[PDB]
Amino acid sequence: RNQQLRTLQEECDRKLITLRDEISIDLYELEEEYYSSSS
Amino acid sequence: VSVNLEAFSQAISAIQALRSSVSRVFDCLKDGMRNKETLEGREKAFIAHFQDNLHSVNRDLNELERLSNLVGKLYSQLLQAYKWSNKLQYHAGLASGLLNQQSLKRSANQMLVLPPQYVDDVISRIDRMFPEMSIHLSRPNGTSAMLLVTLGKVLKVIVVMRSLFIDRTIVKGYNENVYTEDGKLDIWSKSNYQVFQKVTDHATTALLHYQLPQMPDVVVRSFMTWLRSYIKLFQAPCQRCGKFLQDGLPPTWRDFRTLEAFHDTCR
Ligand SMILES: [Zn+2]
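Protein chains in written order, with the authors' numbering: chain V, 101 to 139; chain 0, 7 to 79, 103 to 140, 155 to 310.
Rather than coming from a laboratory, the hints here were simulated on the basis of the structure.
Cβ coordinates follow ideal geometry from the N, Cα and C atoms, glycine included.
It is possible that some hints are incorrect.
[As the list claims (entries may be wrong)] Pairs of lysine to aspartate or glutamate residues, derived as EDC-like cross-links and limited to a Cα-Cα distance of at most 20 Å, are as follows:
1) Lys196 (chain 0) - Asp170 (chain 0)
2) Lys227 (chain 0) - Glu110 (chain V)
3) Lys199 (chain 0) - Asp170 (chain 0)
4) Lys227 (chain 0) - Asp113 (chain V)
[Unchecked claim] Far from chain 0, by Cβ distances over 12 Å, these chain V residues were calculated:
5) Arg101
6) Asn102
7) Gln104
8) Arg106
9) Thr107
10) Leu108
11) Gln109
12) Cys112
13) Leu116
14) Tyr128
15) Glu129
16) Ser136
17) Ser139
[Said to hold, decoys possible] Ranges of calculated distance between the beta carbons of each label pair, as one might list FRET restraints:
18) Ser139 (chain V) - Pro280 (chain 0): 48 to 54 Å
19) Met140 (chain 0) - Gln109 (chain V): 49 to 55 Å
20) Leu302 (chain 0) - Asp126 (chain V): 45 to 51 Å
21) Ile123 (chain V) - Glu224 (chain 0): 25 to 31 Å
The task is simple: from the sequences and hints, build the whole structure.
Set out below in structure tokens:
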């Protein structure tokens, strides 16, 4: 039971970390676009 | 070796100087005394010029003797290409320096994504040089690489990158535990001493200062070049006040582009 639950936890954390990195790159692009907007 | 090249060119100019100074002695003696209004003044001028010329001959002979004490020991197409290659290389170095000092580019506009393998290759290339710095990459949180740069028995720098571009740095002392309880890097800490908090501040200005827009290899290489100069902490005195200690601080400021020690109060 312990080993199965540890594997599920590790899968969830790898998914979250990769999500954070991709969202961070998108945030960088959006920050450049929004702050450098002329308006 | 290059020192023999410089000593030989030096002594070439020494012989030319000796020959011309001897001929200058005899040429000024050929003309004879000039007029120069006051009689006392003309005697003084002639004597002074003759004495100066003789002294210059003696100095040139002495310099030639000193270089003697210090001296050590189809085919034309290849040498012509060699000479022209060195000429083009030096010409291009000077012209590139003059032009990138004064660029006229105002904006990038007209009218980050990298494999982590590339980051490891770049940082291992930097770690191969500077034999007193060891850089140990790890990735505890995703693709953002975290670096421990140890530096002599002096520093441990924790550099937190983001896509092969330095983001944050924390400088701690040698003994200081940079690891947490679980043996991961302590990315968020301070260093219990005044000196290393000052060097964290100077390192953040260093990563704000060395900013090329596109190419990041020059940035990390130049940051490590600047960081390497901190090995003479606690040994270098300040180049403004001479002393080692201002308010109990060593000179924590290694100046960019001329790595000289200063207390930050001495700017
Ligand atoms: Zn000072």
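Violating hint indices (sorted, rising): 13, 14, 15, 16 and 20
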